[PDB]
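For reference, the chain that follows is the form deposited without the named molecule, supplied as structure tokens.
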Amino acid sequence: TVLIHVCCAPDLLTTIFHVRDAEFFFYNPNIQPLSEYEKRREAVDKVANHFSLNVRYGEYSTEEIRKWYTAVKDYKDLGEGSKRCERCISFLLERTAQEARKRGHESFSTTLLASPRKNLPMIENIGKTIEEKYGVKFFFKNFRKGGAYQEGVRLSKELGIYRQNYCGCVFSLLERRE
């Protein structure tokens, strides 16, 4: 069984075309502000209710956001896709692997593998590094392949799923304004 970190509902929709027996873990203290976290969480809950998915919701709090910010802050000034995102994704995947170990899952993954903007080699390297640390296997898949991304777009539209326009953190929201 696999515990799959969930970044957002659109990428969850792409992912569920391929995976069938999973526990999902919505944990994203990198999403600010709270209103945006809740909007994204509610979209995930809408997908989970529609398809009867098993989703666990992680901690979101001032303390949790401060732990994330500490992990990325020395690279604030670098763009998206830089060492800042390496730190951010490792932070999220480390917590996911910890949860997988605690809940008895032998494997972990992330719906970030389905996101068209993310760097697959970077994510696979992070996942394998965390696998070696925790002893939970990282499951890699080109989750966009088999045309699954466009499959996720179609289901997002039909179900009326919120599709965000910035990665999630305050740095990415500023970079949106340019």
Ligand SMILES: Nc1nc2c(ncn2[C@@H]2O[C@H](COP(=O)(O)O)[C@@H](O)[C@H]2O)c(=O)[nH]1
Contents of the next structure:
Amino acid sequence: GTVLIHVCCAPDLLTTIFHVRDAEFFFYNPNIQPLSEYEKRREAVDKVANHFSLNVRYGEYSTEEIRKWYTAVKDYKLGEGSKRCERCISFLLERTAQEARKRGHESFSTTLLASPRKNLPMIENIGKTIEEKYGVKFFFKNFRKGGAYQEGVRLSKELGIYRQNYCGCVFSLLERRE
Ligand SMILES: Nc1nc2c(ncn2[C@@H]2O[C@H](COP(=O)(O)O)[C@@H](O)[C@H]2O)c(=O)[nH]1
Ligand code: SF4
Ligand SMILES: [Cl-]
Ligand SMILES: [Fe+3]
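Show the other one: the form deposited with the named molecule bound, since we just had the form deposited without the named molecule.
Starting with the chain above, the whole complex follows.
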């Protein structure tokens, strides 16, 4: 009855932990470029985990791992919200479900469900598709409900947690400029 929860960023982790109790977290995001930004986001997650004694596992981040992600999304390099993001989130959640099976967790989820930008129907579709493939149950919750999003905002402010202004990939950084 344990869940492995992919973590995109510390602000969305803060929103999520208002609602989840006995979870292992999995910080895996080869979509975040460049390395300096990956490390800044990772350190914010580490700060939250130390503050609240969370159990966080950190996934692979390497030139090889980034190349695998880029292959998955390359054919739609379109805007945010399109087939490119469907491929990106499926890549992240596939790796998470793989890890969940390896570590004995019967369920998996993602803090992307707490992000106000993301498309919840798209994420739930991806999660349920991956559930069918790996036999790890996808746990869906609107993590922003119950006032948790605003609750994540005030914890982020009090803790001094880095709050990014682009989704993470190079494409989203360019779309930020335009
Ligand atoms: N700082 C912060 N970023 C978030 C949060 N939730 C999702 N994000 C990500 O940060 C990106 C910031 O993009 P923008 O704020 O320019 O729209 C979003 O598109 C999303 O991918 C959050 O709660 N706080
Ligand atoms: S905008 Fe976000 S979800 Fe879409 S491809 Fe880039 S990192 Fe992935
Ligand atoms: Cl995010
Ligand atoms: Fe996030």
